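Next comes just one chain, in structure tokens: the form solved without the ligand.
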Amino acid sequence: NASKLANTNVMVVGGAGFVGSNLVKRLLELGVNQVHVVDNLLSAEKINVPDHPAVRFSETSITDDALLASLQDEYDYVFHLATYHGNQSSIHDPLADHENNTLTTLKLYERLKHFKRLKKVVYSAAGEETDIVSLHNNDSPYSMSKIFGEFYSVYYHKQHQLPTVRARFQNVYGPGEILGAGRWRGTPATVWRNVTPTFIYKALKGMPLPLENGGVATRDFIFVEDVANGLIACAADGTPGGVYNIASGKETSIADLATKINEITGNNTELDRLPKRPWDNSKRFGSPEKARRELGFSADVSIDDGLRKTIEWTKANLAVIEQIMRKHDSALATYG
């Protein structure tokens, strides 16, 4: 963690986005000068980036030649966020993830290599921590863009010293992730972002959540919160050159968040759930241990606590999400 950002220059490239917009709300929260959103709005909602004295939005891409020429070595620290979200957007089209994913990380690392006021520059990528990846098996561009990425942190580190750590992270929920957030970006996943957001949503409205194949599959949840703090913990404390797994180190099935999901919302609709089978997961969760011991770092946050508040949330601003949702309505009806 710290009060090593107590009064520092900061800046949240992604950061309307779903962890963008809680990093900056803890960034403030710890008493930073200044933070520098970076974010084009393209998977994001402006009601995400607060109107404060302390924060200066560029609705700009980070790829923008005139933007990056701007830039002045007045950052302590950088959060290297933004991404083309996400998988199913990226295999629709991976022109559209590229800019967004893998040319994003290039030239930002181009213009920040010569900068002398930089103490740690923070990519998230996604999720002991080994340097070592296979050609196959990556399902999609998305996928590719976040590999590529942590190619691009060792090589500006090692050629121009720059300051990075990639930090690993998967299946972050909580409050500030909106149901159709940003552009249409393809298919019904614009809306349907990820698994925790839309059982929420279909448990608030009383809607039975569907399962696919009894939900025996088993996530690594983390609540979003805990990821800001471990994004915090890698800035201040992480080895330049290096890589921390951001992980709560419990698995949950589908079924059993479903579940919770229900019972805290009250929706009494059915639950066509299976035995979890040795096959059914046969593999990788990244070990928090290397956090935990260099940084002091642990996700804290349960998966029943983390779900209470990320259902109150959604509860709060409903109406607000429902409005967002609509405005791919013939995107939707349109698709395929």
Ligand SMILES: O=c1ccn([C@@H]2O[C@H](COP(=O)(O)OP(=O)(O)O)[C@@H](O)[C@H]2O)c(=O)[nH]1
Second form
Number of protein chains: 2
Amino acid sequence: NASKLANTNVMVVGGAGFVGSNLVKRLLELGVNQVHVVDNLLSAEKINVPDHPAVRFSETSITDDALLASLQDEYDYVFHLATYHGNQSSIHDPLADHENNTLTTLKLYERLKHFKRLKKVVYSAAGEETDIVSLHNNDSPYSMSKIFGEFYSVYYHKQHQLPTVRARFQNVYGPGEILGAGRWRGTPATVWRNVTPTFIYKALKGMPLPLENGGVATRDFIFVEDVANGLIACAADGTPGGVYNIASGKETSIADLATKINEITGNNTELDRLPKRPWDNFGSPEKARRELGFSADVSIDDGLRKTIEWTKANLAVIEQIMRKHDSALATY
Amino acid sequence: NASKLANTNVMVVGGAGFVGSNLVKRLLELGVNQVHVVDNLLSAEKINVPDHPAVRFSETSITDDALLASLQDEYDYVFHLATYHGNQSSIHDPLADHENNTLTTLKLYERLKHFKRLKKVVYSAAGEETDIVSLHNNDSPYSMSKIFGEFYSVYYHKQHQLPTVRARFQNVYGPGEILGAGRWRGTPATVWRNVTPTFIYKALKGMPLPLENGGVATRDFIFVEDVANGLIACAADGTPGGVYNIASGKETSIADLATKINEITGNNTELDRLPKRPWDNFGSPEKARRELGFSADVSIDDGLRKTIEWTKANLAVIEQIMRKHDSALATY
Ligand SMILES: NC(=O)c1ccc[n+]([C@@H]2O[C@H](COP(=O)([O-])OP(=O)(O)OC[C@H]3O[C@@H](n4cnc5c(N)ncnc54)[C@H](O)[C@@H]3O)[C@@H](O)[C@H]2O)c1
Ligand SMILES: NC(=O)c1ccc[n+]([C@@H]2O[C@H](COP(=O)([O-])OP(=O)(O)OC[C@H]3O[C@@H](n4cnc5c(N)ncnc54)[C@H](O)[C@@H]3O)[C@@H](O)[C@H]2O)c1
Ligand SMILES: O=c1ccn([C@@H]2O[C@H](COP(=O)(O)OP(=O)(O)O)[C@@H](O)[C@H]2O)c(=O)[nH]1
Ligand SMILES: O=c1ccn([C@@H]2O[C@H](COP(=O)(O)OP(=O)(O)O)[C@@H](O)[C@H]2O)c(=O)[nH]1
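Previous: the form solved without the ligand; requested now: the form deposited with the ligand bound:
First the chain shown before, then all remaining chains and molecules of the complex.
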């Protein structure tokens, strides 16, 4: 990254969220002058937004015309992390997705296009790096919104010199991701938002972890603190118009993820495991390493321990948050 | 195409426009039961929408929630031709483009997704056929909106079986395209909307045609009546989820276009021409021929004659329409 960020003014759109909150904490620790958090708490909890003399919090949508018109050219860096969480919610309501996942990026970039203090605008794009995409195998409106944000990022850079850097990451896990965070977004995935926190929660309650299909599917998990540092490196040193995978380069099967969670938590229950076959089943981190000196080196073992310790410490709070969706969960 | 369209109920979004109006006239002549024209007249004139017992006209945006909620499952075919006209206007105001070029397709498809009477939804996509696209060399928000409409067309077909067919065409010319049609959209291109009507207008006024760079650039022009028939063929016989170039397969240089316009009109003024060089400079029509039996066979010579005859007959009306933008044109 850098202390290029020291004493700077930063906006984090979506900064009350999982990746966002973690980014905000890291920015504060790097000595930034200001974080302007813009977040509508659609998929977040206000407890993730510090009450801090340096942290200004606008509890508004980044699509709000008044808010946009009120923005001043007083930012060195903008991190655009807002999204409509996530695939399942977006399928359920593509219009809610569009408002909070496509229009967000367009109206934000439209406001920022003539700002001159901006050094970098870092857009969380989802998951060497190529800039060719298929109309097919976009499984959700969410996936289309994310890709549309990359189209916008490239356009605004070429047309208006908006200094955009697209940061592609996926399968982020760690402290600050709260099952049930924010409003009901249509489906049980509002609760059960990703495999890692679902597994950690269930394991801490001594419950059998539900392995789907023997858990043969693999993912390149990345610890959230590495993602924060990756985003910061993109800001500091990322080439305007450019794109970087922020990735661990290491794949872990869901069976193995489950196994590790159970052993750390001491959850002594059965795992419906199966051997991975060739027909059962990722981005290279080399560009970010070479160009930004960035490496995501937190192992799945270290990362799971830190996540579990945080979950344990905050279990009551998380449980109380989850419970707000009990009646919608029963209706589904 | 077919008389598969005989006695059917059809909606034409954007049906007061250039391609739209021509499509509506051809539908009426093929004996359709109903055309529901939905058009906000943003880049169109109401004189292009017939007052007809069979033609219902909603002078509303297709994004209007009330209108969308009011739509009944009473359509056999939908043609989605609305756009924010065009590249230049979209650069000027990407937000106006988005509203009338991206959100249009999404909210339309969202309403139509559970309609069961629908045989085909034909989307005008702009310009064998591949479904791979680059984030680069999208010159405008318009170009991004058009591509986003293809993402949506593919998604809605795969997810909801919406029977979409993407019709890719460009450089359409002919009767019904009126210089200055609709509202001021920010730039002189509101008047001077395309090279062909600009040239025909100027030539009829005995003015030198402004050839840019000796006119070496070439385009595959297509007569609007061939485009209408191409759209109808897509509706009748196009494969759901699929895409077709609707194209002439013949390239004409702007110098040659200018030359032909001058000779038909008898405009006896100079042309700043240059020889085309290899470094100075299109979609195949074969898929549509093979699969739909569709061929765009109107030559540039025949098409220009028909267009010029229409322009001549309607010159006063067109001039009066153009004049509404005099004060915005002077301000630009
Ligand atoms: N977590 C992952 O593995 C993952 C993977 C790939 C990409 N991403 C991307 O990373 C970014 C952050 O995701 P996250 O996991 O922190 O999820 P998240 O839901 O916790 O964070 C998104 C934040 O955006 C906010 N938001 C939603 N609509 C808004 C609007 N209109 N205006 C302002 N804020 C709004 C939410 O309230 C939330 O705080 C997103 O862009 C996402 O697409 C995440
Ligand atoms: N003319 C060409 O060479 C060309 C080339 C490639 C693609 N296309 C595509 O063909 C289609 C028709 O283009 P055209 O040349 O007839 O231009 P056009 O401007 O004449 O027609 C577009 C129509 O859409 C209407 N419209 C705009 N916003 C609307 C909204 N929100 N709701 C309903 N209607 C709305 C306009 O009022 C207009 O009648 C468009 O999709 C365009 O992108 C045209
Ligand atoms: O309760 C769960 C939740 C998910 N998974 C698996 O964990 C993986 C999660 O993948 P990812 O987070 O990348 O998103 P997804 O692929 O599901 O869209 C998938 O293989 C799921 O089958 C599981 O076994 N049990
Ligand atoms: O008054 C004009 C208008 C345009 N043109 C040329 O005609 C072509 C029009 O191209 P097209 O319609 O496909 O759209 P464009 O390429 O301009 O975006 C371009 O080469 C222009 O330089 C011209 O010579 N004189």
